[PDB]
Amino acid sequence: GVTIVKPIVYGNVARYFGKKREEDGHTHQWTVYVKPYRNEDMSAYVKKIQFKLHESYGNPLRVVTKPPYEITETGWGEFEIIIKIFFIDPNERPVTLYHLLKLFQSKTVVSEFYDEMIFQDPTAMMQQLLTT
């Protein structure tokens, strides 16, 4: 009968090379990430975070198992990244986030959002891991 809320921030940063790179035609370096809103060690209750990149990338399903939860790449185009957060308790269903990778400004480009992982009626194990 309890609900635990965990604030997070997620999104990406990007920087322009200044010109198209000759070998692959890439123009930007970028990093997509998920982090807690305030400092905590998320690995206490997070098993892994998958970042599903565009099909044009090799091994497009990128997985991070320990902080920081980030993936750094180069590219030339914007695309949707699917972020999937897995928990230590397999009985807690994964959280899915969608992020439009931003390369172009709407210095460095930042596109970041506030969100909340909501754990309603968590298992006893999960409630402990969330409150450490």
Contents of the next structure:
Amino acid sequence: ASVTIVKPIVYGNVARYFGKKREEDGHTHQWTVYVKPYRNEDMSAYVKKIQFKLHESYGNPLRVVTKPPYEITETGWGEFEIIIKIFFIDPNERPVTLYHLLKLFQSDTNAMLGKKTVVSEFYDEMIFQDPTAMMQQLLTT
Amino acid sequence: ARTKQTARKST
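I have the form deposited without its partner chain already, so could you send the form deposited with its partner chain bound?
Now the full complex is given, and it begins with the chain already shown.
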């Protein structure tokens, strides 16, 4: 490739326990799943939208976020895999797919260190090889 | 675009 652009990202989730099981629906946790840049940039320059596919137990399980922050906050009772798909401003630039296990329950290791939220997050890089002129400009602004 | 990491196993 003549131009290679690497965009580091962090994705995953945070979760917080209610201290009790809610009577109405059995929900125990609030959680937020997200994708963010690793560096301080405006990702929307080159990201068109990010889609998050939730478990079928959720209403409207295919969620779309079109502007930063690219996050979904929900409540629930169970862990499950979320599929994340990142679309670019050039429709012909192949979207990126990420796989994340939504984490609710804290390790004893972290509990004993006084952590009161669960954070499960992962570093990755999106790699663009010879993107269009328009994409190159927006990736480098 | 492609990613650095595989789908379900990461460095």
